[PDB]
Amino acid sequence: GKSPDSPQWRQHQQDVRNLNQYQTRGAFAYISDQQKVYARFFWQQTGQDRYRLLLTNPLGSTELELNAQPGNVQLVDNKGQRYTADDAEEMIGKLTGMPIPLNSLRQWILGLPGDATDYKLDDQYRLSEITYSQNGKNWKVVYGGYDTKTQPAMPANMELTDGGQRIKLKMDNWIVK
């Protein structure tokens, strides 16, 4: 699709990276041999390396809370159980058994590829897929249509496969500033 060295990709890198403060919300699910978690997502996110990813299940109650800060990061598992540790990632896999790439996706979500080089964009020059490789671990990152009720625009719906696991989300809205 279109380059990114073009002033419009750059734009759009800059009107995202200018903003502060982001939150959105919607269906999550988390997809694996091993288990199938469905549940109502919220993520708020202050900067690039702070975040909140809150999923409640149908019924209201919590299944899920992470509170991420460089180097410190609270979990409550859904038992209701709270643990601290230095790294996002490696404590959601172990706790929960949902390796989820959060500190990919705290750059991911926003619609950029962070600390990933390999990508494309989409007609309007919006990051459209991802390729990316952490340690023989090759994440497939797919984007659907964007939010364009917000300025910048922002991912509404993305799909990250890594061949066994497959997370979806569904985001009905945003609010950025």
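For the two forms, the rigid core is made up of the largest set of C-alpha atoms that agree within 1.5 Å on superposition. Numbering follows the first chain given and starts at 1. What changes on going to the form deposited in another entry:
- If you fit the rigid core between the two forms, you'll see the Cα of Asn103 move by less than 2 angstroms.
- In a rigid-core overlay of the protein, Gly144 has its C-alpha displaced by under 2 Å between the two forms.
- Core-superposed comparison between the two forms: CA of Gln69 displaced by 2 Å or more.
Right, the form deposited in one PDB entry is done; let's see the coordinates for the form deposited in another entry.
There are no partners or other molecules in what follows, just the one chain.
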């Protein structure tokens, strides 16, 4: 599609990186061979290192909440018990049994490529596809629409595939500033 060597792609990244707070909510799906999980999620990020993730099952009951600031990383589970750790990704993986690429996702959910070099853009000069390998995990990210009600526009539908496992994200809407 469009070339990464384009002023509009740089402008889009700039606008996204210039935001100080991001907020979205929607549906989440983790599908592997061992389990198929569904949930609604609330995501809030302030800056590049402070964020909050809230998950509720399809029945409406909250399942867990992850809060993170540099150094302090907290998670509250179904039983309302609070666990602390120093790494959000590791903790999520360990406490839920799912290898969610949280670090990479914090960039990708925003329409940014993170540390990924292999990626493509659509005709609107926005990320459409990413290919990233890290620690034996070759994730294939595919964007399926953006929500242009905000400027800059933010991802509406995302697909992540790591061989046998697949992550699906559906954003209802965004609030940014």
